[PDB]
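Protein chains: 4
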Amino acid sequence: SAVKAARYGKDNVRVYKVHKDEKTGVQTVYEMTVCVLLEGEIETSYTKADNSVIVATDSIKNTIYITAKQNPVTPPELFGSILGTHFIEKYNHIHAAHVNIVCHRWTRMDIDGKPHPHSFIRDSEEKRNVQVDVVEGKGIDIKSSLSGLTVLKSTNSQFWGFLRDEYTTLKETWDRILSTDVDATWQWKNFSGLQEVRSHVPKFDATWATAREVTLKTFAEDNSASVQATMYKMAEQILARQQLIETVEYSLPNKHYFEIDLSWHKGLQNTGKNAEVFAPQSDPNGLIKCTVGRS
Amino acid sequence: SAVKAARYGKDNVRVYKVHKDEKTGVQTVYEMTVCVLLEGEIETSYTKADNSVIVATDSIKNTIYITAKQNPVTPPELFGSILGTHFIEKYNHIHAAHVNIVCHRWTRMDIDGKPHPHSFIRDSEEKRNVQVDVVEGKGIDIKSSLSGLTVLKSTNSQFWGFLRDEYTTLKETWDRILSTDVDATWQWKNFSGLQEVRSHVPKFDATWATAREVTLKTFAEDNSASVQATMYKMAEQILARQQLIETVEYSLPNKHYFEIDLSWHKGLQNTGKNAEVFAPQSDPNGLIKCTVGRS
Amino acid sequence: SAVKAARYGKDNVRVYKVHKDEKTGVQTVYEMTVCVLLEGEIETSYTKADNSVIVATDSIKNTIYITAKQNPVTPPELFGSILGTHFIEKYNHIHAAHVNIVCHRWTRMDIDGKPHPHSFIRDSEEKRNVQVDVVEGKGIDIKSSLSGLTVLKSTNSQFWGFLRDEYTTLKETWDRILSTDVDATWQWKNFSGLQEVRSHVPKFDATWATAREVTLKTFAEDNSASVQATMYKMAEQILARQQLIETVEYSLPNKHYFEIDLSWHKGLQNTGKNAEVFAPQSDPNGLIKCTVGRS
Amino acid sequence: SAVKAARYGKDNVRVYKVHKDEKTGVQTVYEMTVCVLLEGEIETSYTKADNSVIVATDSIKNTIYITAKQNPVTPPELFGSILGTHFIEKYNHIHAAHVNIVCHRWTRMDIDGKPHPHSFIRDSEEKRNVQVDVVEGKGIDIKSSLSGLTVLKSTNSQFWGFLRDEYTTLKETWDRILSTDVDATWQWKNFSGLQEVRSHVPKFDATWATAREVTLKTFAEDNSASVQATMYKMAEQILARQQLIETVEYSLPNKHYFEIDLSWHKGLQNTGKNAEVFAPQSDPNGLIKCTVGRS
Ligand SMILES: O=c1[nH]c(=O)c2nn[nH]c2[nH]1
Ligand SMILES: O=c1[nH]c(=O)c2nn[nH]c2[nH]1
Ligand SMILES: O=c1[nH]c(=O)c2nn[nH]c2[nH]1
Ligand SMILES: O=c1[nH]c(=O)c2nn[nH]c2[nH]1
Ligand code: NA
Ligand code: NA
Ligand code: NA
Ligand code: NA
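Note that the protein sequences, when read in sequence, are chains A, B, C and D.
Residues in the first sequence are numbered consecutively from 1, following the entry's author numbering.
Residues in the second sequence are numbered consecutively from 1, following the entry's author numbering.
Residues in the third sequence are numbered consecutively from 1, following the entry's author numbering.
Residues in the fourth sequence are numbered consecutively from 1, following the entry's author numbering.
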C-alpha cells in the first residue's frame, strides 16, 4: 500500500480580535473560525511512525493566535494568505497550506440613532468565508464566498414549460413563493504570492459587497423563470463588475412552500389566487448549482 | 396507578401567511411555528383505550391552518388567544389549551434605498415568542418573549468583589468582554377572555419593541458590575414602562472570551491592557436568571 | 420593583473521569455534562451591585472537578446529591442547589467476542439524566430520566375510534407504523439528606434498567390502541416494580410515516395492505404526555 | 459569460421501505436519505430560460419512490446504481447522475433474549453511505463509506517525537486519551454498468462489515504512535482484504481531553499518572486525513 494523499492540521479554531482607536475611543471586533491543513513531505508519520516530520496541530493553533496578534485579520483573504505563506516558508518539508476562515457578524449597534463605540449585535447567521490554498512554487488561490443569506419573495416567481412525462405530477405555475439560502463563491485569478495579494487588498471587501448587492437586487427584481435562470443573471453581473474573478459559483436550495387545500372545510378557498396560508416544507428540497466563467 | 396529569397535541406546525394590499401592491409575510397542547377529560384514552375523547392531533393541525386563514396572525398574543379559545369553546370535555408560537423574522428588503413590495430577508435568528394558556373558567395567561438576541461589548464590563475562598481561581477584573444571548419574558396580567385581549391589542407590539429597545440600550450603556446587576436594570425599566406586565424574567448566558498569554513566544504581550487576541469559549458558560416583579 | 426569584451558576460543564483497576488492568470511563444553579440570599448582587454574596460561576466549575476527583461519579443520583449538598453546607447564605447531569454513553467494545479493557464506543445518543434539587431544611428531590431512545415498529399499532367532526380528515387505521423518541422520568420520594440517599444507592441503577426494559418490552409487545394507551402501560409497570418512586412521566413524540399513493403511475399499488414505500415526516409531530402516580 | 458546470436535482429525500416475510411474519425496515443531482445538456435553462430541458426536481423525488417500490433498496450501492442508471437511460440529454444515499440504523430489538419480528431501535447515529456517479459512456463509480462512529480509548495512545520549535508548547506524552469520530471511505474499481454491479452484490455488505471490524480492532489494539500511524494500519488492512477497492480514505478528528491541574487546591494530584478527572474540549480539534492506495 502507498500514501496517495495526506493532509493534517487544526480545525475549529475560534479567534476574536479587537482593534482600539485610542483617539476616538471607537472599538471594532472581528470573530472567525479558522481551519489550517498542511501537506508536504509527511508520509513517514503515517507509514513508519516518524513524528519528526509533524508540526503538531497544537503548534498550528498557537501560530494562528500569534499571526492574528502580529497582523491584520481583515480582509480575510489577506489574513488567510499571510497564515498559509508562513507555513510553507517556515518549514522546508511543508509544501502546501490550506486555510479556511469563516467570518461571523458583529455589527455595530445603533443606539438612539447613533453608532455605539464598543457594542455589537449578531444581525444574522450569514457568513463571509475564504478558502486560501498556498502551494510552494504555484502561488495563492483564493476562493471568497458568502453563505447563509436566507431570502424569500412572495410573488414574481414562475415555473412553467418543464418536461412532462409519466414521472411528472408537478403543476405549472405563473405565481409562486421562492425562498433560498444563498451560497455564492467567487474565485480569484491565481496570485503569484503575498506581494500580489497585498496589491489587491481594496478589491476583496469591495467585491464581497458587490456580490451581496447583486445577489439581493437580482433576486428581488427578477421576474424569475426558474432558480436556474435567476442565478445565471447574478453570476453574469458579478463577472462583469470584477475582472480579477475567474469563476462564480452559486448553490441554491429551493425551499418549498406548499399550498394547503382547505376546501373540504366549509368550501374555504385557499388555492391559486385565493392562497393565503401555506405550509413550509422542511424537506425534501430542490438543489440547483451553476459555475459560470468567461467565454 | 392513576393519571395525575396529561396533555397532548401537535408540535412543530410550520405556518406561513401572506397579506396582499390590492391598492398599493405591497405584500407582507408572517411565518411561525406553532404548538398546541390540550387538557381536559381525556384520562380514559390512557387507561381504557377510549379514543372517543381524543380530538386527533391531525385535526389540531387542520384547525391551526383554518384559524390562520380566517383570522389575523398578528400580533401573536391575539392569534394564540383565538386559537386556544377555539378549543375550550368547541369541545365540552377540553378545559385547557396551551399554545406556543415562535415567530420567525422576515424583514422587508431595502433595494437601492427603498423598501421592496414583496422581497424579504431573514435578518437574524432572533425570535419573538408567545405562550398562551387558555383555561376554562380562569381566563387567558399570556407570556410574551424575545430570544436569540446575541450581543457583545468589548469593554465597559467589570467583575470584582466576589467571594474568594479555597475553591476560587478567578481573578478580579475592571475591564472584560461581555457577550450573551438574551432570553427575556414578560408576563401579562390575567385576561378575562378574548374580548379583554382584543381591547389591549396595540400594547403587544409596542411592549415587545420597548423590551427589545431597553435590553439593547441598557446593555450598551451600562458600565456593568455583573450580569446580575445589568439585567436587573433592564427588568426594572420594562416594568416601569408597561403597567399591565406583572413579572419580567431574564435568562442570560455569560459566553466567555479568554485572554491568551503569548509571552512564552518572543515575550509577546497579549494580556491585561495589552490583550487584543482572545479565545472564545464554547463551553462551559455562566447562566444567570432573575424574575423581577412589583414591590 | 423587587426580586421575586433568582438563580445562577454554571452550565455545560463537561467532565470525564476514568477508574483504573490496578489488579485486572480494566479501565472504566464516565463522561457527563453538568449544570449547577444556586439560590439563596443573593438579591443584593442584582439590586445593589453587591458581588460579595456571589460564589463565582468559575468557582462553581472548579468545585465540580474537585468533587468528581474526590467522590464517585456513579450513580449520578449520588454524585448530584453530594455536589448539591456541598454548596448548601459550605455557604451559609446559599439555601438551594439545583444539579442537572446528562450522562453520555461509553460502552465497552467487544473485540473478537471478548470485552476490551480500555476501548469504548458511543453506541447511541440515548442519555441517562438526573435533576437533583437540594434545599436547605427540606431534603433532596431526585428526578431520574432516560431520553433519546428512538424506536420504531412497523406493525401492531392502530388508531381508530377518535372524535370526528368538521375539522377531521384523518382516516381510521388498524395497521400503521409507530415511531417515537422516549423521554421517561421517574421521581423519587423526598430523601432526608445524603445519608438516606446513600442507603438507597443500589436501587438507582436497578430502577434505570427496569424503566428502560419496561419501555422496550411494552413498546414491542403491545398491540397499541394509541400512544396514550401504550405509554400508560409502561408507567403502570414501573410504579409497580419500585415502591420508592412517586410519579412516572412520559413525553412521546409521534413521528409520522405517511403512505405514498403511486397509483397515478402505471396503477402502482402502494397503499393499505400494499404499502411498502413510505415518506418519513420531519414535522409536524404528535406530542403526547402523561404523569402517572399512585391511587 | 458561459456555463462551465451545472448540476441540479433533489436533496433530503427521506425514504422508508418495509419488507414482509409472509411465511415467518418477520418484517425488516430500511430508512435512507437520498440526494440525486443530474448533469447534461441543460445550459439553456440557465442562459435562455428554456425549461423544456428540465426534468423537474419534483419528478426526480417521484422517481426515487417509484424506484424503491420496484427494486431492492439494499445494498445501497446496488440501489444507487439502479437509480442513477435510470436517469441517463431515460433522458437522452441527461448524461450524468450523482446519487448520494445515507442509510440510518434500524436495528432489530432483542426482547427477553430473542429477536423481535417487527420492532427496531436506533442504536447509534453511525451511518452507512454511498456516492454513486453514473456517467453516460464511462460506467459507474461507487464510493462506499461509514461515518459517525465515535470511539474512545483511555490509554495505549502516545504522542512524542514531534517537531519542536518556538511555536511549540505541547508536551510529549507516553499515555493519553484518544477519541475520534471515524469517517472512512472505500472507493471501488470503475464498473462497466449495472450488470457488472449486480455481479458483485455480495461483496458490498461484506466489505462494509470488514471495514468496520478493521477500524474497531485496529483502534482498540494498536499501541498508537499517532492518529496518522494508526489510521494507516486500518487502511492497509482493508486494501489487503478486498481486491476490488482502489483507494481507502480516512478522515479523523482528534477530540482532545485535557488534564486538569488541581494542585492549587489542597495539593490535590490529578496530573500525569495521577490524572483521573479530565476536561473534554469541544473545540478546537486535530483533523488528520489520509488516502491510501496500491503500490
Ligand atoms: O426553479 C425551479 N427549478 C427547478 O429545476 C424545479 N424543479 N421543480 N421545481 C423547480 N423550480
Ligand atoms: O457577571 C458575572 N456574574 C457572575 O456571577 C460570575 N461568575 N464568574 N464570572 C461572573 N460574571
Ligand atoms: O396515537 C395517537 N394518538 C393521538 O392522539 C393521535 N392523533 N392523531 N394520531 C394519533 N395517534
Ligand atoms: O496524533 C496526533 N497527531 C498529530 O498530528 C498531533 N498534533 N498534536 N497532537 C497530535 N496528535
Ligand atoms: Na516549505
Ligand atoms: Na370546553
Ligand atoms: Na447554606
Ligand atoms: Na442520457
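It is worth saying that the hints were derived from the structure and are not from the lab.
Virtual Cβ for every residue (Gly too), placed ideally from N, Cα, C.
Some clues are possibly wrong.
As a list, the in silico DSS-like pairs of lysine-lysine whose alpha-carbon atoms are at most 30 Å apart [unchecked claim]:
(1) B:217 <-> B:273
(2) A:217 <-> D:48
(3) C:114 <-> C:217
(4) D:233 <-> D:266
(5) B:23 <-> B:143
(6) C:23 <-> D:273
(7) D:233 <-> A:289
(8) B:20 <-> B:69
(9) C:273 <-> D:69
(10) A:273 <-> B:143
(11) A:114 <-> B:69
(12) D:48 <-> A:255
(13) A:143 <-> D:69
(14) C:255 <-> C:289
(15) A:23 <-> B:114
(16) D:289 <-> D:189
(17) D:217 <-> D:273
(18) A:233 <-> A:266
(19) C:23 <-> B:143
(20) A:20 <-> B:255
(21) A:4 <-> A:233
(22) C:20 <-> C:189
(23) B:266 <-> A:114
Covered stretches of chain B (in silico footprint by chain A; criterion: 3 or more residues with CB under 8 Å from a CB of chain A, positions within the stretch not fixed) [to be verified]:
(24) 9 to 19
(25) 34 to 45
(26) 91 to 99
(27) 123 to 137
(28) 221 to 233
(29) 248 to 259
(30) 278 to 286
Taking the hints in turn, this is what the structure says about them:
no.: 1; hint: B:217 <-> B:273; in the structure: 26 Å, holds
no.: 2; hint: A:217 <-> D:48; in the structure: 20 Å, holds
no.: 3; hint: C:114 <-> C:217; in the structure: 27 Å, holds
no.: 4; hint: D:233 <-> D:266; in the structure: 45 Å, violated
no.: 5; hint: B:23 <-> B:143; in the structure: 36 Å, violated
no.: 6; hint: C:23 <-> D:273; in the structure: 16 Å, holds
no.: 7; hint: D:233 <-> A:289; in the structure: 38 Å, violated
no.: 8; hint: B:20 <-> B:69; in the structure: 13 Å, holds
no.: 9; hint: C:273 <-> D:69; in the structure: 14 Å, holds
no.: 10; hint: A:273 <-> B:143; in the structure: 36 Å, violated
no.: 11; hint: A:114 <-> B:69; in the structure: 41 Å, violated
no.: 12; hint: D:48 <-> A:255; in the structure: 23 Å, holds
no.: 13; hint: A:143 <-> D:69; in the structure: 43 Å, violated
no.: 14; hint: C:255 <-> C:289; in the structure: 14 Å, holds
no.: 15; hint: A:23 <-> B:114; in the structure: 36 Å, violated
no.: 16; hint: D:289 <-> D:189; in the structure: 21 Å, holds
no.: 17; hint: D:217 <-> D:273; in the structure: 26 Å, holds
no.: 18; hint: A:233 <-> A:266; in the structure: 45 Å, violated
no.: 19; hint: C:23 <-> B:143; in the structure: 59 Å, violated
no.: 20; hint: A:20 <-> B:255; in the structure: 21 Å, holds
no.: 21; hint: A:4 <-> A:233; in the structure: 40 Å, violated
no.: 22; hint: C:20 <-> C:189; in the structure: 34 Å, violated
no.: 23; hint: B:266 <-> A:114; in the structure: 41 Å, violated
no.: 24; hint: 9 to 19; in the structure: holds (count 6)
no.: 25; hint: 34 to 45; in the structure: violated (count 0)
no.: 26; hint: 91 to 99; in the structure: violated (count 0)
no.: 27; hint: 123 to 137; in the structure: holds (count 3)
no.: 28; hint: 221 to 233; in the structure: violated (count 1)
no.: 29; hint: 248 to 259; in the structure: violated (count 1)
no.: 30; hint: 278 to 286; in the structure: holds (count 4)
In this structure, the hints that do not hold are numbers 4, 5, 7, 10, 11, 13, 15, 18, 19, 21, 22, 23, 25, 26, 28, 29, in rising order.
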